[PDB]
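Shown below, as structure tokens, is a lone chain in the form deposited in one PDB entry; questions about how it binds or moves come after it.
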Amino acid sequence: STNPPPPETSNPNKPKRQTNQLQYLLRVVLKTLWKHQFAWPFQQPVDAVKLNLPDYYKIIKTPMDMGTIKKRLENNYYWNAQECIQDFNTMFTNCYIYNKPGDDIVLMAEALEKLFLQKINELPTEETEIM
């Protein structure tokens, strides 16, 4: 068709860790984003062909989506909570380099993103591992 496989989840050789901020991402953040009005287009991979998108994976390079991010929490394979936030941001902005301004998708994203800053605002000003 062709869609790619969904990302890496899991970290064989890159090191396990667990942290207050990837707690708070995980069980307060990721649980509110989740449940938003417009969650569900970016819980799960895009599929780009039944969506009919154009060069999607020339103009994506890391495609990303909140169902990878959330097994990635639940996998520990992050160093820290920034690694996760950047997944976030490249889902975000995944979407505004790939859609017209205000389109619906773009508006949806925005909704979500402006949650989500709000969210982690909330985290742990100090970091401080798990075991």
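Positions refer to the first chain, counted from 1. Between two forms, the rigid core is the largest collection of C-alphas that superpose within 1.5 Å. Compared with the form deposited in another entry:
For the listed set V28, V49, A39, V106, the sole C-alpha moving 2 Å or more between these two forms on a rigid core superposition is that of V49.
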Second form
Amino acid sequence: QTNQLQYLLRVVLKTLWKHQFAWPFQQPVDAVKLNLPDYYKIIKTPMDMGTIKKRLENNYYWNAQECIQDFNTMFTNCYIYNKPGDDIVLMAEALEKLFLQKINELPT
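Give me the form deposited in another entry now, not the form deposited in one PDB entry.
Keep in mind that what follows is only the chain, not its partners or any molecules around it.
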């Protein structure tokens, strides 16, 4: 699915990347550097937009569903690790709503 993956990179990911809420999700959560000793115990599948970007740029995805799954993992990780009403959850919910608006227009 070359065309769907090209859209995920140039439209979906780029749109989220340019939002001012993107920065907490643009690189992996380094739990050691961030002094989060419990992060890897709770979150078993870390994921971020920087990793998604490199996977799209290096053709590591075989279809669009693989890429969409990584986006959802990123969002759920944030919802699981943080509480409702946390500032970062507000940012993630807005980014996910934005994500779903662009996934509606995915080509066939």
